[PDB]
Each structure stands twice: as structure tokens, then as C-alpha cells.
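Given next, in C-alpha cells, is a single chain: the form deposited with the ligand bound.
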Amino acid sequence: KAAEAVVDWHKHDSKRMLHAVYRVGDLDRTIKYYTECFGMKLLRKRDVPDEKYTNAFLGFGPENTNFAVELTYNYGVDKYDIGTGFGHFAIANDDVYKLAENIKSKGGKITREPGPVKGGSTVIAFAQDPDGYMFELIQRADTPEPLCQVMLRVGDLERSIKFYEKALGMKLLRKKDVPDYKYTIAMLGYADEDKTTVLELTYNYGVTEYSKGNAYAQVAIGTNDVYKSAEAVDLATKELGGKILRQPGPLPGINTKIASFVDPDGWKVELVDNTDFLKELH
């Protein structure tokens, strides 16, 4: 009954990955690292005295067409627990050797030198940012979206795949078992992997739990209707696990419609009305 209506809604909606929200010890240091090392643009910066924080938004295009990072600096907080579940963000670039050497020149940290992925052929590298967040660098010819993954570790890959499909209308774009290194990955999202930001979920054999830390906050996803999309989440959570945190509705005074929830592993997602999202983008 409702599963049919959910499918129809996921088909009719136009969802978009908006941004990853996470916390940084030193906002200026991170801005400088992302602009100089990673070639990101500083898009917006907002100081919020009343609530004791400053945000900065960065990415490779404007927030109405691109995925961004939303950095949260909390006054007088200089470090966070990354935790063991948070994987990495990824940046696609047409010359990862050029990019890695740029990062090294600018005084950044390359933790994995550029070259083919172990037992694959895609050229990758890894960088670490000032707070310890890992960035994968992925060689890719020409994408509209260089900020192209958020990677989270999960305890049951099949339960997570079903959840993102049913709760969020994501397509399973890729599933790859790597038994020589005892992991399996899935890529989920709303368009071809090479054109979009995917959620990459990693399962390590026999590992069922990870710490969520207090550094990574959430990923926000846009929808034409947070109430219809939250109904789909509600149904999925009844079957698969996870929990609605904030029921769908406008924020006090602003009339910006949001809902939020956690997945079966406890990772937080915020759904934001696609039009109301635009109200802050200036």
C-alpha cells in the first residue's frame, strides 16, 4: 500500500546531496587548507554570536548547483573526536599527481601517495586535513562535481543498502567485495557516480559497530517535500532500524522546512526543502 506510494514519491522527487556538516578546531586554518591545498572556493561565511559559533561553506561551485562542506567552529573548542566510523570525503580531479604535489607544496599532509587502488586500477591518493579528516583524491576526467563522496563505515552493508534505497530513494550505483583486504563497499546516490556526490558505505569483515565521534555532524539532502520524504524514512525505519529525530516542519520563525533522522548505524541525515534551502545562499 504505502510501499507503492513511497516508490512513486521517490520517482517523482528531485533529491540532491547538499552538504556535509562537520566541526573544526580552527576555522581560518581549515579555510586556508581547503582553498590552497584542495582548490576549493570559500562560498559563504557566517558568524553566529548568539549561539556561539561561526560557519563557513566551501566547494567547487555555488551551493544551489553543487555539494559543499559546511564547517562549524564552536568558540573556544579546538579539537573533536573523529571516531572510528567516519571514512573520508573525496575530491575528484583530472590529475591526482598534480594535486598531491600541490598539497605537499602548500604544506599539507599526503598519507597515501598517488597510484592505482590496491587490486584495482583507479589512481587515488589520500590527504589528511588539520583536524584529522581524511580526504581521498580520485583521478577522474571531467566531472560536474569534484566533491564527490562522503564515505561512512557501517555494520551490515546489505541492511544499509536497503535502508538508503527505501528511506531515501537512492540508487545502488556500485557494490564491490574486496576479499583480499576483507572489506566490501557500496556507492549510493541520485545520478551516475562520476557525475555526482555519492554516499560510499564500507563494511569491514566481522566489524559491526563504530564510534560516531563528535566531529562529523550530518549530511543534508534536498527534497521537493520534506513531509513526503520523511514518511518514506519513517516506513524504512520501522523495517530496518534508524529513528526520526526531528519530524518534518518549518523552523521557528524562518519557515524553512526540514526533517532529520539517523540511519541503522546512527549516522545523521537532514532533509531540507529544495526551495527553502535557497533562502540562505547569499
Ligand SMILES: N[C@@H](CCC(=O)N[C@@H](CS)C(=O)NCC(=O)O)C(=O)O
Given for the second form:
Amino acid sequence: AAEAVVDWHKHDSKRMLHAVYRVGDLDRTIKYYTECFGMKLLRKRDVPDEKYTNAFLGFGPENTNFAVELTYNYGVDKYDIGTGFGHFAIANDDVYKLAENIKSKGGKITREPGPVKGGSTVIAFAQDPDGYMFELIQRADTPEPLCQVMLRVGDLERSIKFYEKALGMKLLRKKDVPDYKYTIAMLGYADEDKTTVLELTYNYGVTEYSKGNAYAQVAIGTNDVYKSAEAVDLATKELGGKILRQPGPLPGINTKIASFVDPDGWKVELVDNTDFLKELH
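Target state, the form solved without the ligand; input state, the form deposited with the ligand bound:
No partners, no molecules, just the chain.
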């Protein structure tokens, strides 16, 4: 029934939904992302009983696009990013202009726009109010500007196989750069230049990174949380990682979810696609 998993991922229609992370000041981050990054505010949810507020931002509606799910915990001003979390990436057809705009609005450019060290893709880096890094990548034809979540991992081949077997992702691109002592793999559900990828980074001889308390998880839509969580459970037995929240409906809001950690301890939430669409209304 391991071949049943292979078959399940074929029939399922999985989608990267949002990255969930915590911010010290909700209005400050909304302002930064709308003014500096050109994002839209898509949805907001205050949950006073649990002392938190969500805001969802991105470049198009949540039913078609990947988003950021900001989490503001009442009173909590500051979080620790840790060494594992890499960056989010924003594709834009004119990165020089974008970086200049960011600076004009009072944002922080940490790496000026220009071709990569040996290459000709124009990139830049910005840093947000809480310290999260945003790669800006110049790309002419982008249907999804919110285009990467980069996370650091201890064993690239283990991770690739985990995301393949647990989550049905495709290895889209793999790039070893022995010169600079790193390897990257782009994983996802559609061509890299049309989708949000998970970019996993291995640094030669580094097996351990801290998870911090700032980045929370990535959420992935699925047509069946039970079948997807079975694929996960099978994958975790072979590769490491663990189910945390068993599949089933959330109380009150009713959305069916499961959650788990991968072999490096990065958290993923599976979300029933239809329940998710219903949350948008």
C-alpha cells in the first residue's frame, strides 16, 4: 500500500497555500508589505478568545495565489528567527526600481540590485521589520510573484525524498555550487517560474539549524487530509519527521487539517482545499 501513496499524489490536486509566521506589530508589517513590496491585504481575522490576529497578504486572491499568513499575538513584540529560516522571495519585472522604491518608503535593502555572483539574474534582498529576509528576483513573466519559501536543511537528498514521498512535490531544479559550498533544490507542484517553490538549502558539512520561534509553518491544500496524512505517516517511518496534529476537523471553524514536522523539524499543515475555500467566505 506504498504504491497507493504514489497513486494518491497523482490524483490529488495539492497547492502551496500560505507561509505562517509571527510578527511583533501587525500594522507595521501590513504597511511594509503593501507600500514597500506592493502586496495586497487579502483577509484579516481577529480571534480575541485566543489573543491573536491574522492578516493574509499576497499578490492575488487566496483561491489562486500563495499568501503570507501573519500572526500577531496580543502584547508580544518580538520573536527569534533562528538560523534555519532562509527567506521569502518576490519576483518582479524590474528589481532596480523595486529596490529603489523600498528604500524611498523607508524599507531596508541589505543587498543592492544586480546580477548574482557569476551569473546574470538580477536579485536584491530586503529585510522586513521583524528581520525576515525577502529575496527580490527579476523575472519578466510571473503568474505568482510570491515565489519561494527558502529553508535550510541537514541532508538535501533525504529532504527531497521526504517532500516527494510525503507531499508529492516534484524536484524541479537542483543546483550544486561547490565553489560557494552549497547545494539548492527547488520543490513544488508546477513549473518553477509559474509557482511558489520550496527552496531547500544545504551548506556543506552543516547538519543542524535552530527553528527559532518566528516562522511557524507552511500550509498545503489537499483534496483529502486523511489520505495525505497517511502518505506523510508512511514517509516519516522511512525518512524521519512526525505527525503532530492527526487529521480531522478544527472545532468551531470546522476546517479539516493535519500537521507534521519534516526530518529537520520544519512544520507543515495539510488543509482540505474545499474547507479552505469556504474560510474565504
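Take the two forms, find the largest set of C-alpha atoms that superpose within 1.5 Å, and that set is the rigid core. Residue numbers count along the first chain shown, from 1.
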(message) Does residue 65 move appreciably between the two forms, meaning a CA displacement of 2 Å or more on the superposed rigid core?
(response) no
(request) On a rigid core superposition, how far has the CA of residue 48 moved between the two forms, in Å, if you could check? (result) 1.2
(message) When the rigid core is overlaid, by how much has the CA of residue 255 moved between the two forms, in Å to one decimal?
(response) 2.9
(request) After aligning on the rigid core, report the distance the C-alpha of residue 108 travels between the two forms, in angstrom. (result) 0.4
